[PDB]
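In the form solved without the named molecule, a lone chain appears below as structure tokens.
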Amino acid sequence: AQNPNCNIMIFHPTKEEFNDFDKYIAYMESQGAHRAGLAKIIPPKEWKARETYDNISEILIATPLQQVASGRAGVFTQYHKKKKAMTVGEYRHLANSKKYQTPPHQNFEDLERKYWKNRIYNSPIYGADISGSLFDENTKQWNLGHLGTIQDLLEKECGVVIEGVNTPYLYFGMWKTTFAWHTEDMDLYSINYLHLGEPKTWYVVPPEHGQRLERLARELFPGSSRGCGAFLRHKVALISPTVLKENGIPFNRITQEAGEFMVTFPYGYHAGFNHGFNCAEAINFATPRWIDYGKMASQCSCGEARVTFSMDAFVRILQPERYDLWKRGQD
């Protein structure tokens, strides 16, 4: 078995290997990359996403989210308070202000220490989940707006044509902006490109051990767990590496820098935080290997998780027994 310790693997494809996206994902899996739940892909030196980032300041962040924490430093939830619209140029200035800017630090490990010590005492503002793309239309390789769609994959594998669309999302971050522990909708893959700015630190649980994280989360968030049998779908719970280690949960960590891709694999729980002002682009995708994960994915039906239009067909076709209850949660 390749990668039996489930380590995060880093890949350096050549420009020739960067042509065929599906083929490269399958290659990474042949080497055991998926066992970690997360892989890094460093693009060939010849590649670029676009020519420059000098002209992005007028993008609008219609609903910036203030991420307010509750709990203890290593075990907390966050809720999202909606703020007034602002441009990316305005958001960048805010991220760099004295109230929000990254503190002085020695290295990524010192900054990680500071994040886990102090995150709960601040409420950073995240420009998350903005439909759009920063890839140039002429970028032919690993262009996250030009990937094969999940609807087409399901149709190719299973023969059923379905409604729905699959487009990317932009994320504008600042120091301490946080992504809570989650797997993707329908335990899909994700791919994330860090276009510009400061790093993003990731934590990940191997897919084969995801239920260990779920059991800890039920223990640590006992009211939330009574409320919903899949409450991590709400994307609000944080647990620190120190707490994971104390509870024997297998995990790994890695820091993504500008110009790098990360892929999350089906049922790979992940969480993390941004180091400072940055911009990422991410999208879900599928492969043949996903279908079995999609069929088994948990679902939130309590009403909290509320998701895209396109998840309807995935549930309807892959999980017909669950469909009626899940759809009630949507309505």
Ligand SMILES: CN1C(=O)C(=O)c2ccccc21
Given for the second form:
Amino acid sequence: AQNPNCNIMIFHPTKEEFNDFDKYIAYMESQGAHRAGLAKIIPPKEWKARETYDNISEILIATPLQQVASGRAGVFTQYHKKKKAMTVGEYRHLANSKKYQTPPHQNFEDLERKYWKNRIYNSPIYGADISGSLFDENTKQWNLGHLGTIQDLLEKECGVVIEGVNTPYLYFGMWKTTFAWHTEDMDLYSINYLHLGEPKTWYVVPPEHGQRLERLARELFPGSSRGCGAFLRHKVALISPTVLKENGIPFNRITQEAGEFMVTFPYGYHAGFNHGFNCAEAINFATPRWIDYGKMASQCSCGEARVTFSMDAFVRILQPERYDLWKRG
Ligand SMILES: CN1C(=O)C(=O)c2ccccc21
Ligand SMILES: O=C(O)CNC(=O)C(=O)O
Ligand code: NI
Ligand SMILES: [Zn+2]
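Now the other one: the form solved in complex with the named molecule, given that the block above is the form solved without the named molecule.
Below, the chain from earlier opens the complete complex, with every other chain and molecule after it.
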């Protein structure tokens, strides 16, 4: 079996290889990339997402989120406090202010140490989940607004015809902004392009070991576990690499820089943080291999987790028993 240690693999496609998206995902998996839960793809040198980022400041962040932590440095939750709307220009200025800016640091490792030491004592503001795209419409390769849809994948594979759409989201981050431990909706893939700015550090558990992370989470957040059979679906729990190591949880880490893609694979738990002001674009997608993961994706049982319009149809078709129980609940 390829990649038995489940290492994060890094790919350097040629421009010819960058034409067929589906084919290249399949190629990465033939090399065992999915076993890590996460892969990095460096686009060919000839490729560009768009001409410049000089004109993005008037994008609105309608609901910036202040990420307030509760708990200890290595085991905490975060909740999102809604803030008043601001433009990306205003947000960038805030990110760079003395209160919120990245501290002096020696390297990525030094900054990582500072993040896990000091994260809980600050409340950075995140512009997350903003529907839209920064890819030029003339960018024909790996344009996250031009991917085949999950609905069409299900139709091609299963003859299933359903409602729903599939569009990208923008993320404007700053130092210490955090994404909690999670897999994707329906344990889909995701693909994430870092358009500009400072890096994003990722942590990931191999899909074959996801239930080890779940078991630790149940131990570390016992009240939450009693309240919901899949509370990581709430996307508010953080566990540090030190605590993962202490508990023998298999994981890897990698830092994504501007101009690089990351792909998360079905049931690959991931978490991470931003180094400073940046902008990323991400979207979920499917392949034929995903369908078996979608049908057995664990779901929130308490109603706290958000379910998009499109996810409704996925649950209805792939998980009819869960759907029925949920709608009667
Ligand atoms: C949020 N949520 C629930 O609360 C539930 O029972 C369920 C089942 C499938 C997908 C989502 C669900
Ligand atoms: O970038 C973020 O804040 C979170 N991104 C993801 O979880 C993803 O792309 O799957
Ligand atoms: Ni994700
Ligand atoms: Zn729940």
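Only residues modelled in both forms are compared. Whichever C-alpha set is largest while still superposing within 1.5 Å between the two forms counts as the rigid core. Residue numbers count along the first chain shown, from 1.
Core-superposed difference between the two forms: one segment of three or more residues with every CA shifted 2 Å or more, namely 324-329.
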